[PDB]
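Asker: The primary structure of each chain is shown beneath.
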Amino acid sequence: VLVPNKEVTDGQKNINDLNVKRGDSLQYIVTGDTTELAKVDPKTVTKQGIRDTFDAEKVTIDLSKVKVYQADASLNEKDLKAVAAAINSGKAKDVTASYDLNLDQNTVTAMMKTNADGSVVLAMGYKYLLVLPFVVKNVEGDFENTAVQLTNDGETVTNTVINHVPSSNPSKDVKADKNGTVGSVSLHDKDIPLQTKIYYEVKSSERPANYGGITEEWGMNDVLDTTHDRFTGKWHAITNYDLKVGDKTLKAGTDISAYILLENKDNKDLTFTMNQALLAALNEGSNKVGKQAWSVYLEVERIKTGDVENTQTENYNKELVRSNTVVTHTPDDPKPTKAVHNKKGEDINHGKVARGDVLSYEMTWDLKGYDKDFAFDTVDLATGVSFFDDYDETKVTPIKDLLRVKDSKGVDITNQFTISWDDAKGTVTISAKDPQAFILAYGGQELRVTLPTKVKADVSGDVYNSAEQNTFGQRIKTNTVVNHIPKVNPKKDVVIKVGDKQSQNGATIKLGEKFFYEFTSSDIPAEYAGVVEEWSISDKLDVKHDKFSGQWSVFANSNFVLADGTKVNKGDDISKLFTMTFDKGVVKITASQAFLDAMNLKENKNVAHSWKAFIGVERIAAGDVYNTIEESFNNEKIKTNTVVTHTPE
Amino acid sequence: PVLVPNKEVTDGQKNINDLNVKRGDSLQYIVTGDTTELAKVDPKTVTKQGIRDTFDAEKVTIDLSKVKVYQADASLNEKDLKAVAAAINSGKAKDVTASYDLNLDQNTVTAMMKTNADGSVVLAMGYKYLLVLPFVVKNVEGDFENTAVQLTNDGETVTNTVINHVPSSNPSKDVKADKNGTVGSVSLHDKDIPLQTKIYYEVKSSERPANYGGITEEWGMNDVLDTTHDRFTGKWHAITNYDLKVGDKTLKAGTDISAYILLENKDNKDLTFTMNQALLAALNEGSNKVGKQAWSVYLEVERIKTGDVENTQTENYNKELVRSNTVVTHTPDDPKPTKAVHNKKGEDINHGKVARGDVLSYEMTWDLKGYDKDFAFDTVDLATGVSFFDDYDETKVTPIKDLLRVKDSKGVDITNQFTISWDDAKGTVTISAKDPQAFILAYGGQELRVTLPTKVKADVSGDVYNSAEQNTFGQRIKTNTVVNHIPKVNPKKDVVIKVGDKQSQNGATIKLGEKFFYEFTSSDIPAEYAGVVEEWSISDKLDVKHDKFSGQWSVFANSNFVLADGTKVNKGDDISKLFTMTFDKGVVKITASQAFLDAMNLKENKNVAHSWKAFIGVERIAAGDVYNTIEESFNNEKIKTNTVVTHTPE
Ligand SMILES: [Mg+2]
Ligand SMILES: [Mg+2]
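In order, the protein sequence lines correspond to chains A and B. With the first letter of the first sequence counted as 1, position 594 gets the number 594 in my numbering; the numbers rise by one all the way through. Here my numbering runs 1000 ahead of the position in the second sequence, where the first position is 1.
Quick caveat, the hints were computed from the structure, so don't treat them as lab data. All C-beta atoms in this analysis are idealised placements derived from N, C-alpha and C, irrespective of residue type, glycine included. It is possible that some hints are incorrect.
Stated by the list, open to error - Quick list of in silico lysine to any residue cross-link-like pairs, SDA-like style, CA-CA up to 25 Å: (1) B:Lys1545 - A:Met124; (2) A:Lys251 - B:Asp1543; (3) A:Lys81 - B:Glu1514; (4) B:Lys1426 - A:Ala123; (5) A:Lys400 - B:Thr1384; (6) A:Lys510 - B:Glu1514; (7) A:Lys197 - B:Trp1422; (8) A:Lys93 - A:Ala123; (9) B:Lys1640 - A:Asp242; (10) A:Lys400 - B:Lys1373; (11) A:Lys244 - B:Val1290; (12) A:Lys584 - B:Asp1143.
What the hints assert, rightly or not - Here chain B is said to cover these stretches of chain A; the calculated rule only asks that three of the stretch's residues, wherever they fall, bring their Cβ under 8 Å from a Cβ of chain B: (13) 169 to 183; (14) 285 to 291.
As the list claims (entries may be wrong) - Part of the chain A face toward chain B, derived, beta carbon under 7 Å: (15) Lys13; (16) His236; (17) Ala382; (18) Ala424; (19) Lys433; (20) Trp552; (21) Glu630; (22) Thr642; (23) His646; (24) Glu649.
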């Protein structure tokens, strides 16, 4: 036979049985020797050509690029470098126009043209090389090629070549960005806080091992939703396999950013392409033994709430393939708030209160944007999940046992936190014991913090509270609330008869003379926002000088109604609404519950309220006699001024 | 006639009958014998005139040399004790003590007028004669009374009886936390106080009683510090415990009176705090004697030595000293956490040379021996936590996070009491108790054991330091540092014609059909290797289109060693029987058998470095350039050799 030969080539070497990739531009070369046919009369050669059967499902052949060359029969067609030099030098002569070429589906035929006498027009004694340039489609699996040499009425088959197109697709992921370093956990389908910077990971497909193609271009494109993702300009690229460049091996994982060109259109349409030096290195033989792949990390700031999708499109040899689509979600920032209530549950911001009153601070702890889908890898978990409150320790005292945290269903969950008190600075920090576990079981809702405090005795002025939420370092402050503590000043005086105008403070009281100690209570202001639950005076009498025989009265210093409607006018005797005990030389006069209830009625909040008390005594010995009264309001004691009377001996 | 003598008790200005007094008070009894009715009789018939006073010598002290008699105008009101004191001071009431015979016998003072030759008393009748008996209250309890009798010739008339009370009240000492200079509210008595803690000693005065009739002449408290344990820092403050009016201002209970207190400081050891003259004067104002008076000093000391530390104070009230109770605190040694590094067999390998894939198991002690239920929690900020920190070299080892453990001194795993925080960027792990105070009550008082296993990374070399640190409520104590070494390795691939050859054919032409060998030289296992090799193998992915392998392979010993059963192996020996071969998917894999691994981990072989050479026989099949690279796996960690190349023409 004639032994026609068939090879597949990248243009320099035999690439039979090698892996190729979408868009590869390669060649088949079929040689039909006519050396043996040079021995007969050339006029007896009336048919000469090649019928080539290729796989049009997997490769594309442009008939206008098909060529036939007349080579010296000494040329070793197996030496594909020598063939390319021969084609380039002209020692393999282009004779294509002396052939009839046809393409039909899987079939390319090249037959020599014939003279009028029927004999083929080209000389025998030469090797004729049919060159079929082809382009690999974006397909999977094998493709074979075989040919037949046609000589007059006979046919001889060539050897069969084959190439493979292994599967590999581009992909995209989302990674955390800790001060520029890439995290190692995927953030797909997770929740990213506003202003967090994250990495988009755009991963090329893999170039297969034992590569017989040529990487002519390699690029990755990412079009960003610029209303949600702000490209910061910071990016890097790494090689995912060992890559030799010049005299050095760039090991797998090494940065190759310098070899990647960025085309940035308005921070929206970003294209990363390999430069010429890198493409040249990829085409060197040792880099085709193993796989090659690369990935780009591009940094975006999340600037808007919602669901944010990302996709990339990989260009390999002009063949575009889109990756998977990744999504992340961005919630509204937390909106923690602060309020102040009284003991009845009523809101009393800006309200005036008195010693011993309960100021119940109620805060919302807003964890609606932090739940099981949170991107924990974006934060330093050790910074904790906490709530902080800065109260005025010079004016209020927290009831530490009653600090509670409740969830949105009203369930006490205080036991999930450690509570740290800083008494000197007057702050309290509530910290989740197990932050990640806490976000999983209790996140996704608003929590309610209750911080009861009590107004101190003998302080006045404005009382501020503020608070702050700290979620893994995201610090959001609440509003500030304020209460007012008007100064009070209960007084003691001395009068001869109940209702006298002339003070006897500092005056002479004779032996056997009867007189009255007079008391004026603290004022509760108009629109008082607290709740008075106790109101009394204690007068420790100097029993050797002042003799108490049970005489006392209390008078209204304001107009008010009782719960049962009965009116009380300023100056009225209301001793019926008070009680008196005398024990261990102490006169104690105490407001009844009927009087307290009256002081707390909304109907009486239009005016301020106070009362006057009188304690009847007889001076029974000589000397100087001091008197001070202790007034108790909400069980908090303060002292009147100290009065003085003189009984000379 | 008839006579009514009077007896009064005074602080010098006022009637103090029935009032409360205090140790060391300086007071006076005054007995008035009126002789106005006796002025009408013949003075020669008055032959005996005087007073016999009966006091409580068990409760007050009278010095006879201070007893005086004054001759006062009969119009002087001896009940106006201010008027009496002025008359005595000016001489308007004349001192006639020289005309009296005075005597003190136990509970009795007698003062009798002297007499002329005829027996008549030497002093004129018609005056009031005031006998003044100054006394000092002793440190006693309960009541003391005084009564006198006026003697007129053979008659006797008793005076009224006066009485005072000595209510009991002692000084005290306590110990309070010192947080940023503010005083804690929890008593640290008998609690555990770490070294370098600043605490407040609280020295509290006794109480001056309500309804006071005395005079506070001086008031001080003294504290002698043990300067080997307590370093006085120089800062202190004082508070009043009751309302104290000064001038026309009222210092309410609890407010600071430091400006009125003086500190005499002898060498930071002997501290005495005393009320200044302005405060003493305010304490004598009448309104300040109605109710109680008392004060406290807070003095700051740094605890600078371990052991049991006692403190006591001595209160000086009107020169009478009373010692307070004695408080005690305890100071244990600081924690002594340690760090060690063990290989996978459990041997300590500090300074040991190690290799890729080897386990460096860091074992640390977490010393909480001094932190138990008696700990003074009020001295620390609880938010600072209870934690243990390890800073490993993240560029050379990687931790096996799932195997981090904490155990107590009884071997119980307690890892779930802690939050484990990994910082991969700085290469640290922080182990913090979820509930720090509760954790100390439940698990404090023992030594905990922390296990942090790590593996050596592939393709790294040099020194590997590890250190750790114990943070107990802000008390930071470092462990020792351990170090390991990772000698560089360089397994290589080469090309030769025959196994023994030395002429490298890397980069040379090998003709078509020619048979040759790929040569591999393993990584070195160092002399004195401290790790453990559990896997050692090479994989060579052959270019099957060009290199034809048909089962020819050899492994040569590159060092001398011995086996478990005794067999001796020399350098250059063929040891292929201690290796196995597979040829799957064009990849030749040559693997060390367990018996060769067992050999490389024997102590007997540790004197020398160890490696091996392998040879893979191949026949070249096609023309063109042919590349070869080998991946060597050591403890399942892969690194690759140099890449060789050969050329075949035609
Ligand atoms: Mg505060
Ligand atoms: Mg580190």
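Asker: Please go over all the hints and tell whether each is borne out by the structure.
Answerer: Here is how each hint holds up against the structure:
no. : hint                 : verdict
1   : B:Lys1545 - A:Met124 : violated (35 Å)
2   : A:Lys251 - B:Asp1543 : holds (21 Å)
3   : A:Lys81 - B:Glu1514  : holds (23 Å)
4   : B:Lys1426 - A:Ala123 : violated (78 Å)
5   : A:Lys400 - B:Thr1384 : holds (20 Å)
6   : A:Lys510 - B:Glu1514 : violated (142 Å)
7   : A:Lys197 - B:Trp1422 : holds (21 Å)
8   : A:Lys93 - A:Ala123   : holds (12 Å)
9   : B:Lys1640 - A:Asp242 : holds (10 Å)
10  : A:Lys400 - B:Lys1373 : holds (22 Å)
11  : A:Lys244 - B:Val1290 : violated (99 Å)
12  : A:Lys584 - B:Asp1143 : holds (20 Å)
13  : 169 to 183           : holds (count 3)
14  : 285 to 291           : holds (count 3)
15  : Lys13                : holds (6 Å)
16  : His236               : violated (16 Å)
17  : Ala382               : holds (4 Å)
18  : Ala424               : holds (4 Å)
19  : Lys433               : holds (4 Å)
20  : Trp552               : violated (22 Å)
21  : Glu630               : violated (10 Å)
22  : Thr642               : holds (5 Å)
23  : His646               : violated (11 Å)
24  : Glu649               : holds (4 Å)
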